[PDB]
Amino acid sequence: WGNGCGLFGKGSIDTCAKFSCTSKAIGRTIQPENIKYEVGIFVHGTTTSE
Amino acid sequence: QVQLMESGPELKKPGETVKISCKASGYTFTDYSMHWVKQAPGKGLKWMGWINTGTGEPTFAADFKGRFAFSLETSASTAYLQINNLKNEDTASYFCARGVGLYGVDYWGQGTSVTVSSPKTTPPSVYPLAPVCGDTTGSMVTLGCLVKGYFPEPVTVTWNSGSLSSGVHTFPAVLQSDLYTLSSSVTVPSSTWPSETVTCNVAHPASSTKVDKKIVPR
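As given, the protein sequences belong to chains A and N, one line each in that order. Mapping of the first sequence onto the deposited numbering: residues 101 to 150, in sequence order. Mapping of the second sequence onto the deposited numbering: residues 1 to 218, in sequence order.
Just so you know, the hints here were simulated from the structure itself, not pulled from any lab data. All C-beta atoms in this analysis are idealised placements derived from N, C-alpha and C, irrespective of residue type, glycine included.
In silico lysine-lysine, PhoX-like type, Cα no more than 25 Å apart, as pairs: (1) N:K12 to N:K148; (2) A:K118 to N:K65; (3) N:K65 to A:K110; (4) N:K148 to N:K210; (5) N:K120 to N:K19; (6) N:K12 to N:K87.
Between beta-carbon pairs, the in silico distance windows are: (7) N:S25 to A:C116: 35 to 45 Å; (8) N:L102 to A:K110: 24 to 34 Å; (9) N:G15 to A:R128: 54 to 64 Å; (10) A:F108 to N:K148: 57 to 67 Å; (11) A:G127 to N:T17: 53 to 63 Å; (12) N:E57 to A:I126: 48 to 58 Å; (13) N:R67 to A:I126: 42 to 52 Å; (14) A:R128 to N:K46: 49 to 59 Å; (15) N:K65 to A:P132: 50 to 60 Å.
Generate coordinates for the entire structure from the input sequences, incorporating the hints supplied.
Spelled out as structure tokens, the structure:
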């Protein structure tokens with residue numbers, strides 16, 4: 101009876117807290133077409149340090 | 001003779017609290033529900049909720065949840081609509097309604113119009129309205145009473161102490177700066193004005209001002 105109700109022992113509440121996102125992250129997928137391969141190809145001839 | 005007798009219409013200010021009494025009569029009180037329906041001054045019936053009559057457990061409509069207290073006194077069978085933190089919206093005719101429940105509500109509190117607003121009682125500014133050449137219609141010279149800036153309603157606006165109700169259309173008092181203007185139109189023949197006195201008599205019991213304004217030509 102002390103809280104809001106003429107009957108003892110039970111009650112009901114619907115707790116609605118608005119959700120929002122502090123911080124969100126993302127995964128992403130690769131299309132095999134967009135894949136490249138950068139192949140440095142060389143052959144040893146006359147060379148210097150540089 | 002089941003009758004729902006409420007409190008009287010009550011002038012209030014915002015931030016206040018009002019508890020409308022509703023005493024129920026003519027029936028075993030415990031055996032019905034007890035409902036509350038807000039009728040806004042211009043708007044149709046908006047059901048406030050109901051309290052259990054036996055248990056005394058209130059339940060409110062979503063709009064009415066949390067500002068309002070349904071309370072009962074068992075023995076004298078007095079239902080109560082209590083409105084807390086009064087607001088201008090709390091001005092309306094409120095109705096306790098004895099539940100026949102799924103069959104609706106059978107009977108009704110005689111009505112309580114709470115009026116929640118700031119202003120202080122103010123007398124009317126009453127103008128005997130003198131018609132002009134464009135105001136004379138046929139035999140009748142329409143005459144008028146401009147009641148201005150009073151709080152609260154009513155003012156009792158008669159014509160020559162009410163001897164003229166005949167061409168009298170006393171038009172509804174409306175709000176100006178939380179003060180009221182009704183404009184009463186007596187329609188009198190040009191033979192009776194300004195030959196006979198036509199005097200709008202404005203009695204404001206709240207401000208205790210009875211204001212008699214005789215219309216004389218401009």
